[PDB]
Amino acid sequence: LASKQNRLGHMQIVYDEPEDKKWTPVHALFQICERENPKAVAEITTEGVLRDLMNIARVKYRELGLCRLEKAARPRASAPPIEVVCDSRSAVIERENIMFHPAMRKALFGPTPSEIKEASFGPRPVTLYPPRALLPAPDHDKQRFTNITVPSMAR
Amino acid sequence: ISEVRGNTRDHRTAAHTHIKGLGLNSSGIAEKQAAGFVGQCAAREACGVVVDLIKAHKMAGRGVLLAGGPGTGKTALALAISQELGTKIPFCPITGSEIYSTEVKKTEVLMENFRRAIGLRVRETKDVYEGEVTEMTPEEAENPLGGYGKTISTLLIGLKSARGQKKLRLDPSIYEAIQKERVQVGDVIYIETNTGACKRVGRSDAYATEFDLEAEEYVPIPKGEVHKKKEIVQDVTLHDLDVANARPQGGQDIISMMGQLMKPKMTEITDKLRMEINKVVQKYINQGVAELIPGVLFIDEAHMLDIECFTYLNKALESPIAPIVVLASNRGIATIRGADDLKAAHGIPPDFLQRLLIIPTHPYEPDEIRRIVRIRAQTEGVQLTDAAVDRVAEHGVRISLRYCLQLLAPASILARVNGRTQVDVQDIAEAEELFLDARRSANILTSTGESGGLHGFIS
Amino acid sequence: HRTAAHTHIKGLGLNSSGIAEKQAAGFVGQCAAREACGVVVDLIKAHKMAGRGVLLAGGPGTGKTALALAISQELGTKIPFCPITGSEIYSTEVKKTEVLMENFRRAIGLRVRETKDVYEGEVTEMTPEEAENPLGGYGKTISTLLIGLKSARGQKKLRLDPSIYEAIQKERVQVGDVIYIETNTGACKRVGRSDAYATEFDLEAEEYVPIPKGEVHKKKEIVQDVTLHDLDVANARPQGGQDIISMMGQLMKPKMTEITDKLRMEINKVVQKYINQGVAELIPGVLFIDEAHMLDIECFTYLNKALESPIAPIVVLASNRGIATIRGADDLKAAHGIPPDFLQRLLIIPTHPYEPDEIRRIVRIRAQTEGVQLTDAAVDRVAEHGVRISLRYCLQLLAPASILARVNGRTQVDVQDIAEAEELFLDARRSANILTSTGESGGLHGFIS
Amino acid sequence: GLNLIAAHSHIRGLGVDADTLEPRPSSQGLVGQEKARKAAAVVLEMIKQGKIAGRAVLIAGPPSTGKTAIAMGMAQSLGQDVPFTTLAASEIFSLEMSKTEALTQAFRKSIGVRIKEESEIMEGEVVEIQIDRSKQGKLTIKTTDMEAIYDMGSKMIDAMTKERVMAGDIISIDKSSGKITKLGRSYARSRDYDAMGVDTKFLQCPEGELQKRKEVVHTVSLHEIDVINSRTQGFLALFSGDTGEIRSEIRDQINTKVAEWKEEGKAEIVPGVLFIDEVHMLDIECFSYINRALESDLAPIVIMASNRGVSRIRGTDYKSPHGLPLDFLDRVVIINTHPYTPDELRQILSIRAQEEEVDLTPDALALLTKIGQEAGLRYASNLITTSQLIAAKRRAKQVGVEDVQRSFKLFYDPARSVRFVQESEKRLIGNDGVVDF
Amino acid sequence: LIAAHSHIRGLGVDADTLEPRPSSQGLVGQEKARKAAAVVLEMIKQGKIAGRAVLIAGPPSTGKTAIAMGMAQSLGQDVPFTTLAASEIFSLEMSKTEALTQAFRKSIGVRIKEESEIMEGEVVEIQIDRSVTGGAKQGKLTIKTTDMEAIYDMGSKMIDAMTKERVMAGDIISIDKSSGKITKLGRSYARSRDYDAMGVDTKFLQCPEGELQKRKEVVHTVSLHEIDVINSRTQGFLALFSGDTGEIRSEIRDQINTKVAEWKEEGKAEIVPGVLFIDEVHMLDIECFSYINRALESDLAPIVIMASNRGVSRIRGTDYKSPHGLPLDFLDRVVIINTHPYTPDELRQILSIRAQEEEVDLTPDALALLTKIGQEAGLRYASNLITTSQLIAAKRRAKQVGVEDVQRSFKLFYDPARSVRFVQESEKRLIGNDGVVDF
Ligand SMILES: Nc1ncnc2c1ncn2[C@@H]1O[C@H](COP(=O)(O)OP(=O)(O)O)[C@@H](O)[C@H]1O
Ligand SMILES: Nc1ncnc2c1ncn2[C@@H]1O[C@H](COP(=O)(O)OP(=O)(O)O)[C@@H](O)[C@H]1O
Ligand SMILES: Nc1ncnc2c1ncn2[C@@H]1O[C@H](COP(=O)(O)OP(=O)(O)O)[C@@H](O)[C@H]1O
Ligand SMILES: Nc1ncnc2c1ncn2[C@@H]1O[C@H](COP(=O)(O)OP(=O)(O)O)[C@@H](O)[C@H]1O
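Residue numbers (our numbering), protein chains in the order written: chain A, 45 to 199; chain B, 660 to 1118; chain C, 9 to 457; chain D, 99 to 535; chain E, 579 to 1017.
Think of the hints as simulated: they come from the structure by calculation, not from any bench.
It cannot be assumed that every hint is accurate.
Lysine to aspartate or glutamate pairs mimicking EDC-like chemistry, simulated, CA-CA at most 20 angstroms apart [claimed, not checked]:
id, chain 1, residue 1, chain 2, residue 2
1, A, 65, B, 1109
2, A, 115, C, 214
3, D, 260, B, 875
4, D, 253, B, 846
5, E, 762, A, 127
6, A, 186, C, 190
7, D, 417, B, 875
In isolation and in its complexed conformation, chain A is listed as follows:
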């Protein structure tokens, strides 16, 4: 899904005439909820009076300073996941193909810079299997995805 350009939202922007009798492609006929969506009309408007309603949760979450606030609690213990001590080579290969599984890591973090070079100096446009970095943006700026904090020049 991460490399599928949505287009049925845009039909509501372009094909928006009373004469045009609400044209939809026949091979996308039953996707009705994909087609009539107020978000797609909302992202186009001159005044953002509906865009300032559709994501007011993020605006209130930012204006309360719930990102810059120092993280008060943290878990008292952490651990790696339990592994199997089985003394064959196949167990080690299955561990390094499931618990690490480089397809998901490549799909999550992004492309190798060598792959960026061979995709951006080529004669023709080519796609990338992680088309962008699919890691989600962390929702706490000062302390992201770890638990390792330090004293604060404030204190």
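Once you have looked at the hints, place chains B, C, D and E with the ligands on chain A.
Coordinates of chains B, C, D and E with the ligands only, in the frame set by chain A:
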């Protein structure tokens, strides 16, 4: 592709098809046999006062009860109010046995139905460049930057709609759209105004045969303008705002692309979110952009709500932004479902009942059932003689109202099978023994069904 | 600085010979309960305990939980004390016996020394070195790096795994960012731009810190206070390391799960391995279950096997019930709500009601604790209300009577202020009398019966 | 072949005259229930007309009289055009979706949307991929009759690259959408490789013209449209079951667009039949929703069955006729049934004989008629198979009096099992105590 | 709009003596309970005394929620005031006790103060370097006030905000350096005549004076529940809005209480204690009271004010009765304030206030008849008659309402005292606990 059938575009007959409105005067006094109703004067006058209260925008959390026995016209008055208000004012007809969920608490589906019952009308503008791309021709700058190659100051795009074409000069930072979206000659795009980043809709239909096999969607030319400056009215219910702020629709990561990929779960909504949305909607009303329009939450069968729900309804009706709550109860002295202690009137607790404008509903006279039969018969199209009307009215007075409105379809079928066009006394006297009522069924059940044996029922 | 209901209690107030001296350190009287609580406290602080039952009987308003706060302030800060209720364990994710065992292992603490191995440097050259990647769908994969860390005294130029590179990469470490690679998990927190790249013309609002002094490969020891339930949660839902289970396991929502018997035994063996290395010290504690009669019979069944463990904290139950019916099975009545089989484990401590002078002393202590000074006739009036109505009703007539005193320009509280606050604010008994008298018939001016 | 002789196998339609609605007795399996079958014929003739929306037809009567038989006769005598839905009432009480929504989906299944279109598809076996690294290319495809060379421009070469199409595959292109669907490989290249992979399935070559266009009549239900528009890749949810409380705004948009399709002539709405078997298992929390869902325009003609007499309603504590609340029985119409005469029992056992290809002597048929009169239909119909099998053990062609008496001696009818229970009470666990001799 | 508690503008007592005025600020007609609620309000505004319980008992339609909204309007938008109803606690997601714990911890505000750094001035040039097919971005921003001429740098988030805002040359923007938001204030030049998709000509502002890097000290108030949710989850933020918080373990609360105490001592934060209002507490069962009695034992408990309606009722989840439906081990802790039914000379002025709020003009004969109706059917029928008589007078085109309009509204809409008789007359065409007939 899809082949259009040239048949008759009729409609289907429901139980409330003939209702077309209240049928009042210009002074509010009801008039009998008008717009579907027969009689029921005071209830239609009171519902006209309710309709006037709704369209006057003075209702801010009232509550209206519809008493009266079963089969007397409460849902008929509800659909009359919903067709009297129109379409541009919301109407959410939930039942009592629809708040019981298995994902959320049952005092939350009520609040989501309140938010479904409130509408918000927003008037805005839409400024887009539109159509199929003909040229993408750059223009060299007057002073190129030293150390680089090309230096392009204005990018030209020729957009051709289905009415007229137009050349367009643009800022050069449209290139990041065009490389990322792969826009070429013969692809319809739209360019917005607030940001200005074109997004391809598809290959046009005129270039649907330059190749043979390489196919995608072949969208037609935009049959409209090339410079839309069109204004839009847009109706969003506050339920939609609650959902779009709680669960965001479109994100770009893994876990929100699993959230829309896994099943959407109803989740309970914290009250700070609703308070914030009310505080901002009441600000955009004061700016003079959005109009608030309250609607009707017709909670049918209000005796199925237990005592844990009316407690939440007291809080929800004391909110400053709330629709009207038209209940519908058809019980006398009943035990409330939650607390099996107090026998209260209508299934409503005595604390909640004081909020309610109680509208009665009376039984029908034995010379009005035949007028309802005539209106229902000319609604379905089933025509019939006057002695047949008198026999159906006899069955209507002596048995039930809903039963004499259901001896019209098998009588019509047996009529046009026997070889006639109108229904006589013989067809109804034959169809009265193929479709027994509840009374003769209970008579067979008690008399013939003596006890549990071989050829007997299972008590 | 907020006077709660339990602020004057500062301990049991015991002598050197373990004899309770009355009117000392907050309490008034209550000898036979405070001596037994002192015995319980020294049973806790001797570590010959693997599950003992201590019941605190007595009617409501007699100070059952005042003894509990006295115990919790007599043990100290460094001994675990888990107070819960009987209504807290009815959850919706797990069975309630799981919540019982999670509280039992909240009530056992451990003090562990750890040796963290930080690499605290300033990143000089960051260059990836990918390996061979044949046709397998995913494409190239970075497998080796050459990050050069530059501390104040002696730089170092080290080589990394793919996983620690992904730990770097999810931190957005550019060239110049000081970091501290933690070679226990693999985590690495960016601290800020080094001050060699300092510029006041900046916009990112970065935190400029100087170059970390000392060796780039430091090694530091710390002391940590970890309960066994923390280890249970750590090994149950993993959130440490740089693999996929421990990374996609911190983006989901956290759910309480059922930590089984095998994990609770394996963590016991791991902790015994820590103790045998002379590192960790075990300190058992108290589970204070207030309102134990709300627990049903399915919980008193499981407390038997939970107390038969070789490691189990001491349980202190509170129950203000007489002959009552157990919540689970409604056909056997017993004392306190405790079943007659579970009651034999318990060392039952009684608690007796008060006296018309002990109420006067408690009123005086509570008044000089909240900060409300008053006269002796007013103290006698409040003690009269304490004898007639209730104990914890007459304590609550001091907070309005201060405010009303400050209405009339006074400082001390006289008889008139309490004589007005006894009319504005009512108790439960006279309110029920007004209820029964005035609420004669249901109707418009009646009550919903 | 996944089709074995059940109880409802001889009923090939309702079996009435289509002109004057006269239920002739022995036609299409059903035997001698003339008034109820006439009433079901009137119901079926107002179903196929499809104008009158949302009735409710209860079929009362004693057990072993034919209430599900008439329902299966109405199901067989509609065809595949008008839908039908066999839902017993205990299916509603779920743990993932509530009772209201799992009963709304029973109404949303029984209304079809019918749409006719032209499918412009292209079958073909790949012969040679010719890519001109200059963008352009040529594809050579063949069938059993033809062979052609089609040009390709830029991007479906990349679609071939993403699909990894080798020479010998069976590709299919929907030219109205343009996406390659590799169907597998051909039997003409099974001789080529030796150790095949996992994904490869072998197929015959396509036959006939490459460009196949055909007018096909699609018929979906409203429940299909509701579940597909639930989530993003939600089409597999209706096979899996991984759906829950669908919101009302989606169903409102879908009903509005189905009305819009009926206006523009794209779609034809075909109302169908919901069959709620054993309706007395529903509690009052379900009848309070059925009394409202029979009001909309999009409501199927509900046919429901029942057994019980004056019984309690589940969920409440007051007796009522047929196990149904009276505010619901004021709304429905009731077709009573009747027990069977022996003259009908004999030929019903004859039809059950000729369905199971078991030959019976007339004396055995008369004895089995007497057993069916003394015990019921469901026990008499279960003795044909047993007598045939006991005749097969002693190697006799025709069953006789001896085999039917043997089958009556071995297996007990439910009339004698009650006397067996009440005869020996001290050993069966009644409610408290067992003797154990 | 005009809800059922929009005329109330506070509690209406004195500031020096707190004597109950007989007619002041909407709450007109009662003296004892308003004076006692003024005392409760004063000990909430003191903020020192923690963990009390106030039970506003009395007959229905006597203004209990009116006194609660009077205290709510009297605290202003500073102190938290949770309007919890007692049926919201019975969730299916989380447990019944943890919903109470969240309801207590939503009513303890923490007021922190932090310094942000805001910019101001006219943008002179934008310089954005972008990669091809995924990659980092580079940014140089030259900005000029009337005095300074700075060339700042940018990161990835600043460019993602600039392109979202479409900041061209010649805009008066103000960038918060800490949070990172961009608010265009207007322009100083005019719109160019060279490009088409430019936009809308904004407000004409001049070049701002002063300095670039200005500092600002903002005040942010979060409840303890928001701190619990943002410190209980690694990435799953925003679940404090969409209610997706399953369970917060006790190890998180016992750390956040200690850190809030440390923030209180350092002068970083200030604890503002609040009010938890529980409307109609008689619906809670005994499993809730066995936790409510013990959550009022710590320094972080809010002063609970709660209402009731019932006489000797049976407590849910049990088998026995009690006054107000509350257990007698919980009624020792509480303090009960009684309310009395009204007198007609007070109902007259209450209906006068409700009529002047909904913009309805009356005649004194209609007001006398309305008071006569309100004696027998309460305020809840009389206010509905006020609004209904307004619209019926609007239908027949009359200026002021009259006796005939009130009689019309009394004829159309029954009070409950006549609907009870309407039930008791026709008992054969209403579904009781038994069957029903049809004529
Ligand atoms: N005044 C009326 N005029 C015409 N038809 C009526 C009238 N009142 C009721 N009906 C018919 O009676 C039928 C049953 O009434 P219904 O609305 O089901 O009663 P209830 O509201 O108690 O459920 C409806 O189909 C409606 O068409
Ligand atoms: N010995 C005592 N000295 C001082 N105060 C006491 C004493 N015993 C009880 N109290 C008071 O009684 C009040 C309630 O005691 P508590 O332990 O809550 O009663 P219960 O035993 O019913 O839980 C507390 O506020 C406490 O101040
Ligand atoms: N008229 C009939 N002709 C032939 N077989 C019948 C007839 N009526 C019923 N049966 C058979 O009797 C059996 C019982 O009918 P069914 O509807 O299942 O009874 P019930 O209503 O008790 O479920 C069915 O298997 C059916 O095949
Ligand atoms: N003393 C009063 N002052 C102003 N309005 C009042 C007063 N008493 C009652 N009301 C009005 O009467 C209505 C009922 O009061 P409310 O507190 O909702 O009753 P209850 O306590 O039974 O819920 C409220 O809308 C309020 O506006």
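To see whether the hints hold, each was checked on the structure:
no.: 1; hint: A:65 / B:1109; in the structure: violated (64 angstroms)
no.: 2; hint: A:115 / C:214; in the structure: holds (18 angstroms)
no.: 3; hint: D:260 / B:875; in the structure: holds (16 angstroms)
no.: 4; hint: D:253 / B:846; in the structure: holds (15 angstroms)
no.: 5; hint: E:762 / A:127; in the structure: violated (55 angstroms)
no.: 6; hint: A:186 / C:190; in the structure: holds (18 angstroms)
no.: 7; hint: D:417 / B:875; in the structure: violated (64 angstroms)
In this structure, the earlier hints numbered 1, 5 and 7 are contradicted, and the remaining ones agree with it.
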